[PDB]
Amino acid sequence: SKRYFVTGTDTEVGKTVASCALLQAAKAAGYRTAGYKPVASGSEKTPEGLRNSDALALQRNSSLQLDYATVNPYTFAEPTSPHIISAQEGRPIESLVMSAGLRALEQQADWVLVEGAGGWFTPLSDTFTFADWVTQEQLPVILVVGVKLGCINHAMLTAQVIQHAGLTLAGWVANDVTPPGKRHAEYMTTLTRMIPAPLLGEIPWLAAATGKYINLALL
């Protein structure tokens, strides 16, 4: 299976918007697809248990019909860092369960997209971050950049840290998080020049069918 990890420059950069656009393009290219969000915090109660909305978006954008717990093994109600609510609830986030879940998807999908929680360095326990699991699984990384003031600095910090860990930065996606503003073209040029990986596409500001904005031929 092709496998990719999607991370964002900041919270609220629209990372799941770009993940669904990636999933839609892969399905159009003929892949049997699966989204995976091993850890999620900020979930709703339903008759069947807690359901996180980003995870639900990945489930309905996968081309395989998949059960919710296959898409998202660890679901926490409170929208805070996973290591805080894991400790609070007495439910350890185990690396082996996170890896077993990815293997289970690879039985049935040949293009798997893995979305983390938060940014690169989100703690999962007091001695373990999301970055440690991604390095361990040796996943190529796709960076989602919300285009706004301050994103050049965040895109550059994240890009140097992934490369320092010896991982491949497979590409980046620009997500227009605000209406058109004055320095949009100059920001897109600086980001293109400075991020050492291909721009896969730009999703316009929309307050669903977004696969067309992604060029999967560059991945």
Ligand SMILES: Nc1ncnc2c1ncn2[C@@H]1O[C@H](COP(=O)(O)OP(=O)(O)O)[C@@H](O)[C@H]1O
Contents of the next structure:
Number of protein chains: 2
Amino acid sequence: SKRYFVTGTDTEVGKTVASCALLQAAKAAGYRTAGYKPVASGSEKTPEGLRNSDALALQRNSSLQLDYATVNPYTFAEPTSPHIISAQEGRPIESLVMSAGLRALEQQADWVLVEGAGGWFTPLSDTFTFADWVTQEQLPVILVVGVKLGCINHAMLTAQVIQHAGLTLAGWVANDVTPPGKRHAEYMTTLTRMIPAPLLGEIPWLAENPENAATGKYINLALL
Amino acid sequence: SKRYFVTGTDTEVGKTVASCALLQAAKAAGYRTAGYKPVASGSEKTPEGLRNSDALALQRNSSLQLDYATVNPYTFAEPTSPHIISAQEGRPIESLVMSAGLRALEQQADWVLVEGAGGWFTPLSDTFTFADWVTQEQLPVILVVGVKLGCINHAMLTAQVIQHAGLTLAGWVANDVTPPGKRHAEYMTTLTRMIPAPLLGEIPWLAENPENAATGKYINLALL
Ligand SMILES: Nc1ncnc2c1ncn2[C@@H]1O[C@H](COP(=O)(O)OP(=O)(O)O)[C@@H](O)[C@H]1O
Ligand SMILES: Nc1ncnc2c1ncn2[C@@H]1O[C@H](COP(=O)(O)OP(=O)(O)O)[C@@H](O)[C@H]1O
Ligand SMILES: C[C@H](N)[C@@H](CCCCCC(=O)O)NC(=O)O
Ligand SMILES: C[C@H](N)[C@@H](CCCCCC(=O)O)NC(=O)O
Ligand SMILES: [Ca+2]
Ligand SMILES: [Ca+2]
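What would the structure be for the form solved in complex with adenosine-5'-diphosphate, rather than the form deposited without adenosine-5'-diphosphate?
Below, the chain from earlier opens the complete complex, with every other chain and molecule after it.
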């Protein structure tokens, strides 16, 4: 299977919206797709247990019919850092379980997108961060950049750190979290010059419900 | 002179509020102080030229009576990245001018705090970032962390990058940009464990005008 990890310059920059666009483009290319969010925090109660909205977005944008727990094995109700609520609840986030879940999806899918939680260094325990697991698995990384004042600094910090870990930065996606602003073109040119990987596409500001929108057309999958 | 550079996990995290607290503590320790913001964007028109509010905060919190241009040689009206507006206006930001200004302050002050613009990697031209100048000058670095969801990742990214440049991270300051939230203690414990430098103090949420507030008491200067 082709496998990619998606990270962001921060929490709430559109990692989930961009992952749905990537999944839609891959399905259009003919792949059997699966989205995987191994850890999620910020979830609602239902008859079946807790359900996270970002994991549900990945489940319904995958081409295969997948069970919720296969897409998201670790679901926490409170929207905070996973290591805090894991410790509070007495439910360890185990590296072996996260890796087993990825293998289980590779039995049915040939294109798997793994979405992180928060940015690059989100702690999963007191001695283990999400970056440690990505390094262990040697996953190529796609960076989602929310375009806003302050994003050049956060895009360059994340790019340098991935490269120093010896991982491949496969590309980046620009996501327009706000309406058209005055220096949008100049920000796009600087980010293109400075991030050492191809720009895969730009998702526009979409007021109504951008997880459900047909956004695959904004990604050029040939660059991955 | 003692010289320190202050950076932040992002723009608008309280770098200026924390710099005024540091300057107030240094004056209380008996130093002849000077604040220096060599580049500033986001400024008002006056009879005397453009004036930036953060540079004015540093000027009035310094113990010496200083002229505005000595505190801030490069003033731009628009609140954007300095390299965009520098190019637009035809006014180059020169490394030699920024360094000369620092030397000029060292003639009168024995404790100088240099405040950056934005975060670590803010571009000053198409081939030069603020980090390049800090490295050239070999300044020790103080990191200001705005405590909010997403700050663990941004604090760890900035810490790693400074250390890989061979610079010293002298310490960090926690700044409470919002009211007391549910996981404040746990965030403080994680940040203390993960940032490899001493916590110099914590500035509380101060609704009214925290640049003018007496905040020196929140910094323990003995750790610097
Ligand atoms: N392109 C966009 N247009 C409009 N709103 C967006 C866009 N991208 C993200 N948003 C909104 O920003 C919020 C965070 O997006 P999300 O993908 O969940 O972020 P993340 O996975 O990085 O935490 C959501 O409410 C989402 O609808
Ligand atoms: N501790 C605080 N309490 C209340 N407001 C704060 C605090 N720190 C920062 N702010 C507010 O946040 C905004 C940004 O602060 P500022 O120091 O100018 O940031 P920066 O130098 O990082 O760009 C200002 O409006 C400021 O009043
Ligand atoms: C306007 C802001 N306050 C700040 C500049 C932020 C530049 C952000 C660059 C980036 O996108 O990383 N300017 C300043 O500190 O004077
Ligand atoms: C609640 C957020 N959306 C996110 C967790 C953010 C953790 C932030 C850690 C940090 O401070 O860097 N969870 C998630 O992606 O499922
Ligand atoms: Ca979300
Ligand atoms: Ca300010």
